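Chain A is fixed; fit chain B with the ligand onto it per the hints.
One-letter residues, chain by chain:
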Amino acid sequence: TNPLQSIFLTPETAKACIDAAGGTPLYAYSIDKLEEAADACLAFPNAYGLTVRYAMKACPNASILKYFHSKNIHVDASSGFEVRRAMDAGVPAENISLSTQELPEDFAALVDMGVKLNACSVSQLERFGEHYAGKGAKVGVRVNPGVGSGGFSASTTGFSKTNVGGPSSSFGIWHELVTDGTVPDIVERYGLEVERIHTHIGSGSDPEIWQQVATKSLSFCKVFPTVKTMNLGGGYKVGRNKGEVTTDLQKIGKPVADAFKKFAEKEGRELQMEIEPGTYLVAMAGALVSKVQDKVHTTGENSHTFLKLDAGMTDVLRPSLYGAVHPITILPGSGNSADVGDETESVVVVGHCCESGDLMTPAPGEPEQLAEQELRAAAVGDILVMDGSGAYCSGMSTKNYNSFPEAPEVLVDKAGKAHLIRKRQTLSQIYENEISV
Amino acid sequence: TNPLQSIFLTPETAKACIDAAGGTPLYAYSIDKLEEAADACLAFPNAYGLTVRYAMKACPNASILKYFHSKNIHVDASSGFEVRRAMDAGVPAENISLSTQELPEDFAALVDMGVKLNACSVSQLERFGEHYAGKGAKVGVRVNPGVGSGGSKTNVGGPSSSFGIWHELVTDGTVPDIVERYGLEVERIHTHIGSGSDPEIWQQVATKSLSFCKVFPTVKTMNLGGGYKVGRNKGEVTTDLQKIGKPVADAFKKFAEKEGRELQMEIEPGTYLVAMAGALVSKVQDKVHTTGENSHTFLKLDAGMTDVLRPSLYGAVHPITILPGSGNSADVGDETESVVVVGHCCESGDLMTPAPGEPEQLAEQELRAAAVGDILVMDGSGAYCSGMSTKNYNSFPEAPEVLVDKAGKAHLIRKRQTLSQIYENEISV
Ligand SMILES: NCCCC[C@@H](N)C(=O)O
Numbered sequence: 039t040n041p042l043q044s045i046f047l048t049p050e051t052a053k054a055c056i057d058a059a060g061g062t063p064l065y066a067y068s069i070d071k072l073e074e075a076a077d078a079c080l081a082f083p084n085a086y087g088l089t090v091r092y093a094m095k096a097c098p099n100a101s102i103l104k105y106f107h108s109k110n111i112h113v114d115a116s117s118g119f120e121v122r123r124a125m126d127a128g129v130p131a132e133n134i135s136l137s138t139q140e141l142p143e144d145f146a147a148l149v150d151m152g153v154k155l156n157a158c159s160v161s162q163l164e165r166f167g168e169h170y171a172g173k174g175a176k177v178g179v180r181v182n183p184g185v186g187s188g189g190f191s192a193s194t195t196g197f198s199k200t201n202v203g204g205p206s207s208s209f210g211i212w213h214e215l216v217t218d219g220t221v222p223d224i225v226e227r228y229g230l231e232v233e234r235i236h237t238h239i240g241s242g243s244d245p246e247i248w249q250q251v252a253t254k255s256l257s258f259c260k261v262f263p264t265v266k267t268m269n270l271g272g273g274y275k276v277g278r279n280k281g282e283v284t285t286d287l288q289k290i291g292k293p294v295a296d297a298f299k300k301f302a303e304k305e306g307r308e309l310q311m312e313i314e315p316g317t318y319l320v321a322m323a324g325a326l327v328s329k330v331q332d333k334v335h336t337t338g339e340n341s342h343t344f345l346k347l348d349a350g351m352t353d354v355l356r357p358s359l360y361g362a363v364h365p366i367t368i369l370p371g372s373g374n375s376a377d378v379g380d381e382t383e384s385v386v387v388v389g390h391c392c393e394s395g396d397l398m399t400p401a402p403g404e405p406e407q408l409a410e411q412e413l414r415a416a417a418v419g420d421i422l423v424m425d426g427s428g429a430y431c432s433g434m435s436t437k438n439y440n441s442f443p444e445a446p447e448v449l450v451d452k453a454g455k456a457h458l459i460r461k462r463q464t465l466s467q468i469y470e471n472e473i474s475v
Numbered sequence: 039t040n041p042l043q044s045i046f047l048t049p050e051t052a053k054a055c056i057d058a059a060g061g062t063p064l065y066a067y068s069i070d071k072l073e074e075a076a077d078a079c080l081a082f083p084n085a086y087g088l089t090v091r092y093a094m095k096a097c098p099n100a101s102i103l104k105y106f107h108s109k110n111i112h113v114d115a116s117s118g119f120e121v122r123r124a125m126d127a128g129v130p131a132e133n134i135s136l137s138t139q140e141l142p143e144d145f146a147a148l149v150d151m152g153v154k155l156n157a158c159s160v161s162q163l164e165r166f167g168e169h170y171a172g173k174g175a176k177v178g179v180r181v182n183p184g185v186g187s188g189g198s199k200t201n202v203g204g205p206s207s208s209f210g211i212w213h214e215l216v217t218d219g220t221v222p223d224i225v226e227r228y229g230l231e232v233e234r235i236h237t238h239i240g241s242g243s244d245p246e247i248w249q250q251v252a253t254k255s256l257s258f259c260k261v262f263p264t265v266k267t268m269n270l271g272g273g274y275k276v277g278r279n280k281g282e283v284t285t286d287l288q289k290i291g292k293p294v295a296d297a298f299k300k301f302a303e304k305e306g307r308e309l310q311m312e313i314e315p316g317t318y319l320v321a322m323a324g325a326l327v328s329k330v331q332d333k334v335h336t337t338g339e340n341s342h343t344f345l346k347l348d349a350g351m352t353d354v355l356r357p358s359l360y361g362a363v364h365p366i367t368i369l370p371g372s373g374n375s376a377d378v379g380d381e382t383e384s385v386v387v388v389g390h391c392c393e394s395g396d397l398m399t400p401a402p403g404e405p406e407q408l409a410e411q412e413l414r415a416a417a418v419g420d421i422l423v424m425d426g427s428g429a430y431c432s433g434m435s436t437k438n439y440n441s442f443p444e445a446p447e448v449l450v451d452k453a454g455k456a457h458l459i460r461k462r463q464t465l466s467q468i469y470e471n472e473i474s475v
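Quick mapping for you: the protein sequence lines, in order, are chains A and B.
Okay, so the first sequence: first residue is 39 according to the authors' numbering, each after it adds one.
The authors' numbering puts the second sequence at residues 39 to 189, 198 to 475.
Only chain A is shown next, with the shape it has when bound in the complex:
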């Protein structure tokens, strides 16, 4: 019952990556897994047109940007730095939209090159309008619809928890500022033209929740008759572990596309749709590849067997940050599929950082508790593969903690060959900006 491969790495393909990266740890990305997600998103049900934007904050490697560009997938940038980064990878400016918490001081330069801006607060709209007064520049507007992920918590707001929308969220402009005239007054003051509305409150895999997401956001498109595009954001869930449900884009897409048809039947306007998936595009396409460098034991009550890797929260932080479980497969350090065998052992996986919280197998949703996974019996030198690590891992980790170098990145082509796309960082590069004093 031992897995003969991981989500996309056989024992032969894993050693091929390690050789290309000069050792462990490393990030492995599979072109095959990127093509499945790209095609699945480009097949999203739409009524009058679809645009897929990659939320590059999930994984900003230029090869990933170049690949999604070749598939006619656009880019959703989270800051002026991501805008300038995507343009370095060859993405044209017009294919980038900027939705940020911090409007960069050089936003006007980006807008001039063709970058579409989604104003995310009153302050950003006014700064945009001050610079392009009476012209009247087109701009996007992100709205906080007044509700977030969960509805009204099946009762009243309840506890004020973090959310992508609602009264406990700082994202977007509060919906009451749209309906009380505050935002339309700013638009008229600077002669702006609102061409696009942006929302981001979708979650789960319920088609009837996504239809309500669309209906509510579309109601803001009738406030500004010049709007021609509706950006519904991301949030499509990916089930990394067995039993968890991945969102079916065809099942939730058709009620969304019908909500677009109902708008065109009640308003007479056929709107372009946009989606901003981050996790759904790159999550299962990436995997952390590390080696078991040590194996220790405790005895007595609450004792465990610990597998210590040469990686950790420096490379995958989601276990420590959320208590997220990742699929884990242990392959023979020989690289031969004949040495997989059929021996299992329940273990706890820990990271190489000298920190108690550097745990790789936590209890679901509780990063302070231990949990054991039944894996292949591992000797020192065997490869551990953490799958589903292509989103918010390389692009969001505590790199250089304990002064560990930033892990390299490898691309595995459709033929099973490994290509290095980011060389390992050197030690001196970690403190190359320090100044003597």
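I should point out that these hints are in silico values taken from the structure, not numbers from a laboratory.
The beta-carbon is built from N, C-alpha and C at its ideal position, and this holds for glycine as well.
It cannot be assumed that every hint is accurate.
What the hints assert, rightly or not - Partial list, computed: chain B residues near chain A (C-beta under 8 Å):
| no. | residue |
| --- | --- |
| 1 | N99 |
| 2 | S117 |
| 3 | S341 |
| 4 | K346 |
| 5 | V388 |
| 6 | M434 |
Claimed, not checked - Restraint ranges, calculated between C-beta atoms of paired labels, are given here:
| no. | chain 1 | residue 1 | chain 2 | residue 2 | range |
| --- | --- | --- | --- | --- | --- |
| 7 | A | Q43 | B | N110 | 39 to 45 Å |
| 8 | B | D77 | A | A171 | 56 to 62 Å |
| 9 | A | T284 | B | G60 | 43 to 49 Å |
| 10 | B | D380 | A | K275 | 35 to 41 Å |
| 11 | A | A192 | B | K292 | 54 to 60 Å |
| 12 | A | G219 | B | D57 | 39 to 45 Å |
Frame of chain A, contents of chain B with the ligand only:
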């Protein structure tokens, strides 16, 4: 009224760091606060000697290292990379202790230079013994005493921890026979299970840790590790080094009387040395509102989890103060406002004012009324912030670090990273 200053920055001094750094965000370190912490640690009560090691994993800046080195403070490194990094800052090899989860493949090269190694596993002790078999080597042993912080959760000791060698492998001959099979000389013992502020607990920590130096008569040093608690927020208790050290020093006296050996003591403060000595200096670049049930006023900083992760990672509260953006203390005023503070990352969890221990729940702080452009200073951020953050998330460059001397002058110790450097190691095709 409102605070006319932060823990160590006035509006004028804060503007000085911003000038020296080119803008916000930035880390600021106080030479004064480092000096105050260095003296308290160097005054730890001891019976027969004390060595203070800075756990550089909390802030590895070379100026911080050079400073502690000038104060006779040694280094506790947690990886082969930190050992070399500390050596690049001018720290001798002999002033470095290596206690790491991951033994580097070039560890023999570090040991020959003078670096002292504490084996944290049977595997490590065996790899050390195989390379130095019968050559008169000396080594330390890090022992899991069998109890963590309780004198199933993640702990620094006990059956739940992977640090380090399980005590039952020492008391059943296994570790003794490894040392004897390779001709090793166990030089010191290493534990790290102390916590809190109770001197009775610290005395139980020292006694149980000293019971393992009985197994190896060659032991001359006893490293009790770190974990000295720092209360960043007003009302929280900071460990009194003087009152917990008197019962610990008595344990060394009781060991010398009954066992006949006067052991040297070592401590590894990390948080205690640098936490209060550093602050995150940022700018309020936006301010938004909501209405209705559980509505809030939000301050959007130009920093976030990319710079200070402890709020999101632990739900840890940090002391916060707001200064006028003009930099003139005459502009502090008397106006206040309860606000939620959020970072600049497009992330629902980039909260900077969470509930204590619940990083997903919002909890407002009463601060000075903030206009866009004002300065927010987050104190208690010199430990596990610049040395432990999600930098380059949303491609934000690594923030600069500034040192503030005794005369109030700001000195740049790390320039702001450029966008190009964030992906200077990427290869095409
Ligand atoms: N804010 C991040 C939340 C991650 C949720 C996780 N279950 C996923 O599917 O990606």
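Tested hints:
1. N99: Nearest chain A Cβ about 6 Å off; hint holds.
2. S117: With a minimum Cβ separation of about 5 Å from chain A (threshold 8 Å), the hint on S117 (chain B) holds.
3. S341: holds, 5 Å
4. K346: holds, 6 Å
5. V388: Holds: closest Cβ of chain A sits about 5 Å from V388 (chain B), inside 8 Å.
6. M434: holds, 5 Å
7. A:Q43 <-> B:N110: 39 to 45 Å: violated, 55 Å
8. B:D77 <-> A:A171: 56 to 62 Å: holds, 59 Å
9. A:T284 <-> B:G60: 43 to 49 Å: holds, 45 Å
10. B:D380 <-> A:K275: 35 to 41 Å: With a Cβ separation near 48 Å, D380 (chain B) and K275 (chain A) fall outside 35 to 41 Å, so the hint is violated.
11. A:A192 <-> B:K292: 54 to 60 Å: 56 Å Cβ-Cβ, so the 54 to 60 Å window holds.
12. A:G219 <-> B:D57: 39 to 45 Å: holds, 42 Å
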